[PDB]
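Encoded as C-alpha cells, the following chain is the form deposited without the named molecule, with no partner shown.
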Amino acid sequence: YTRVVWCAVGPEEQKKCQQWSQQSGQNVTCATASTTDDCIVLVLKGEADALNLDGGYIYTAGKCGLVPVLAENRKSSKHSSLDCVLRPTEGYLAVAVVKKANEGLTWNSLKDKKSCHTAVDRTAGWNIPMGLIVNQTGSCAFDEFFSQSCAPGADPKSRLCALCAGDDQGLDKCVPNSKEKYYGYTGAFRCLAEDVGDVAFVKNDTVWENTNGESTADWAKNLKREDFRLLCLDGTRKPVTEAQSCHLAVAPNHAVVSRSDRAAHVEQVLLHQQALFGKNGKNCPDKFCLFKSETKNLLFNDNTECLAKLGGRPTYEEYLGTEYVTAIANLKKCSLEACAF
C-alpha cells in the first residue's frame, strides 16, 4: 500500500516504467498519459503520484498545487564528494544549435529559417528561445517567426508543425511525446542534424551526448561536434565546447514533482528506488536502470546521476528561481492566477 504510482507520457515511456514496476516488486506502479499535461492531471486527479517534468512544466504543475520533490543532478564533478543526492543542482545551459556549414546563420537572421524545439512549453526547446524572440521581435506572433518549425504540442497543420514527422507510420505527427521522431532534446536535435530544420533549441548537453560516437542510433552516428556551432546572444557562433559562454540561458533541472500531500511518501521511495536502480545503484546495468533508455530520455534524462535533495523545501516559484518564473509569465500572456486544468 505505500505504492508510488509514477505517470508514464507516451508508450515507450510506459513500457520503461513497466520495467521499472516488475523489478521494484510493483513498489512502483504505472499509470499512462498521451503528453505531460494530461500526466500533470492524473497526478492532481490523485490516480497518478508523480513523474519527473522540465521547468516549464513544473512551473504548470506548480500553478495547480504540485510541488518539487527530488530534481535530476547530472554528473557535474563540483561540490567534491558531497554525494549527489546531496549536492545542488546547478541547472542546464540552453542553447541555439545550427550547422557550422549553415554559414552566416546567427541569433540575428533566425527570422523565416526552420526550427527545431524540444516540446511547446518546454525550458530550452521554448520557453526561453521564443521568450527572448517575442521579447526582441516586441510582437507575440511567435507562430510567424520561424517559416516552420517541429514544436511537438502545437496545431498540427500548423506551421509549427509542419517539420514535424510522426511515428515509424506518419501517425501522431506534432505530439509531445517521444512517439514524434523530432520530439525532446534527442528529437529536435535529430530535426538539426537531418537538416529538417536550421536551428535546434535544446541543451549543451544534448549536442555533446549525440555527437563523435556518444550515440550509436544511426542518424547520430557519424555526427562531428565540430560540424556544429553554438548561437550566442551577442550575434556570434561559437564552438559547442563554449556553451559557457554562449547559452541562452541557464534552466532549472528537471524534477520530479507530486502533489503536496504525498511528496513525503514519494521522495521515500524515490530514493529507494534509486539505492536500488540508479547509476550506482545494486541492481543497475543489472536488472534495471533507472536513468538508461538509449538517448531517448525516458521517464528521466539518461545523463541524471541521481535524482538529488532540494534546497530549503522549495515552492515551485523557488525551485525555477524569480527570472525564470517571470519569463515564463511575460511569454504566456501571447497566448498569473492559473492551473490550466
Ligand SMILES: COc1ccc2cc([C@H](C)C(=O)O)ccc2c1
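Between two forms, the rigid core is the largest collection of C-alphas that superpose within 1.5 Å. Numbering follows the first chain given and starts at 1. Compared with the form solved in complex with the named molecule:
Put simply, after the core is superposed between these two forms, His79 is the one residue in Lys111, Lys221, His79, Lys75 with a Cα shift of at least 2 angstroms.
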Second form
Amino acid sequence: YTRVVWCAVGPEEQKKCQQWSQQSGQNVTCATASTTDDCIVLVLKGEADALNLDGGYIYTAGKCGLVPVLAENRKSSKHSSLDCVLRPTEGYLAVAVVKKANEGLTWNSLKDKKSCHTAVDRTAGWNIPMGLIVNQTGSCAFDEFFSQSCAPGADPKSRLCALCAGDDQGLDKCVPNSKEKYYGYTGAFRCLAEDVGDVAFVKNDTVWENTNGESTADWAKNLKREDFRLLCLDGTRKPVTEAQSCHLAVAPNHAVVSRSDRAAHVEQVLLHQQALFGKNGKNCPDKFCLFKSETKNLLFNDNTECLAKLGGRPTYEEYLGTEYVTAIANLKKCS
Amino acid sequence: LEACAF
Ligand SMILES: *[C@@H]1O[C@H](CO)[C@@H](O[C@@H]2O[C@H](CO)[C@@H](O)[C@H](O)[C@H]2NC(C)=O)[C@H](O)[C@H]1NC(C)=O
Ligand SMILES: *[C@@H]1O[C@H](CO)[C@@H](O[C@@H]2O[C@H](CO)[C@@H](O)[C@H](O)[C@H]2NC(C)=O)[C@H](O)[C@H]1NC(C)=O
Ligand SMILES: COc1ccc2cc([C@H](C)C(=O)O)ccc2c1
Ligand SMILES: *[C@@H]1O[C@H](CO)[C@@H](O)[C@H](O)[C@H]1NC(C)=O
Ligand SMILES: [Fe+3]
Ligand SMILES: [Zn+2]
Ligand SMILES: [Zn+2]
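Would you mind generating the form solved in complex with the named molecule now that we have the form deposited without the named molecule?
Every chain and every other molecule in the complex is listed next, the one we just looked at coming first.
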C-alpha cells in the first residue's frame, strides 16, 4: 500500500497533521502550504494527495479535476439507525449574525456596515452572501459594499482586509489560514463577538458552539446566545434558535478531495484512520482525536462525527449541486 | 465557468 500525504493549511494545521502522522505510524504524512489554494496546487502536482475543503474550495479544486472522496457528517438532527459512515449528509445553514444590541440592522441595511467573513471563496462566508448582494444591488462592485471588512484572502491593503488582525505579532494580516485571528468560522464569529464587525457570515453551528459555555475559549466563554440575532432575507431579525427559517442558504458539507487516480486509496486509508481516531475511535481520546482541535476546526470541523461515503460516485458538480455551482459561476463573473 | 484557475 502507499502512504497518504495530507495537505495542511498553515502551521497550526501542520502541527495537528504531524501528530496524526506520528500516531498513524506514517500511514498518513504531511505537506503544508500557506493557503487552501496552494494546497489544491500541491495536490494537482502530485506532491500531496488530499485535504478536506469547504464547498467554495471544492468548486476551485473540481474545476481543476480533483474529485470528492468522503464528506463530513455531523450529528444528525433526526433519528437514524444508519451508521454515520452510511448516512446521507444534510448540509449546513449559512447565516448572517449580528448583535441583538445593534438594533436597526437588518439584511436591507447592510450597505456601509462592517463585515466579518470566513474567507474569500468559502460558501457561507463569501459565495452565498456576496452572490446575494451582487444580485440584489445589480453591481459587481462587492468590494465597495461594506465600509470595512475582514475577508481573509483579499488584498491586505484593501477595505476587505481592514478589520483583519493577523497573528499574535500582527504578522500575516488577512492571510486565509488559522494564523489570522478572524479566519474561518470561529474567527469570523469572534470578529462579530468583539464588535470589530457589525455582521458575521458563518453557519448556524458556529453560533451555538461558541456561546453559553459551549466554548471555554477566552473570547467566547462569556458570550450568550440571546445577545445575537440572525438576519433573514425578508428583512426580519430572528433569535438564533430559528436558523431553519432565517438562513441565506443550505451549503454542501465540507468534504475530502483528491486526484481522481488516488481517490480509492485515499478513501480506504481515511475509513481506517477514523476507525482509530474518529469520534468513539479506538484511540480517541486516549492517543489522538482526528476531529478535535480545541474549537479551531483544524483539518476537519470539530463538530464532525465521521467522514461519510458519498452516494452516486458524484462529480464535484453533482456533490455541490447545480444551483450552487451556477451561483458561484455567476459571482465569479465579477472578478 | 470552464478552465482550472491555475
Ligand atoms: C444549529 O446548530 C446547533 C449546533 O450544531 C444545532 O444544535 C445541536 O443539535 C444537535 C442535534 O439536534 C443536538 O444534539 C446538539 O446538542 C445541539 N448542540 C447545541 C450546542 O445545542 C441546532 O440544531 C442547529 N439548528 C438548526 C436549525 O439546524
Ligand atoms: C444570482 O443571480 C443569478 C442570475 O439570476 C442566478 O443564476 C441563476 O440561477 C437559477 C437557479 O439556479 C438558474 O435556473 C439560472 O440558470 C441562473 N441564471 C444564470 C444567468 O446563470 C444565481 O443563482 C444568483 N445567485 C445567488 C447566490 O442566489
Ligand atoms: C438539488 O441539488 C443538490 C444536490 C446535492 C446536494 C447535496 C447536499 C449535501 C448537504 C451535500 O452535498 O453535502 C445538499 C444539497 C444538495 C442539493
Ligand atoms: C498502517 O497501515 C497498514 C496497512 O493498512 C496497517 O496494517 C496498519 O494497521 C496501519 N496502522 C495505523 C496505526 O494507522
Ligand atoms: Fe463552509
Ligand atoms: Zn432554505
Ligand atoms: Zn453522477
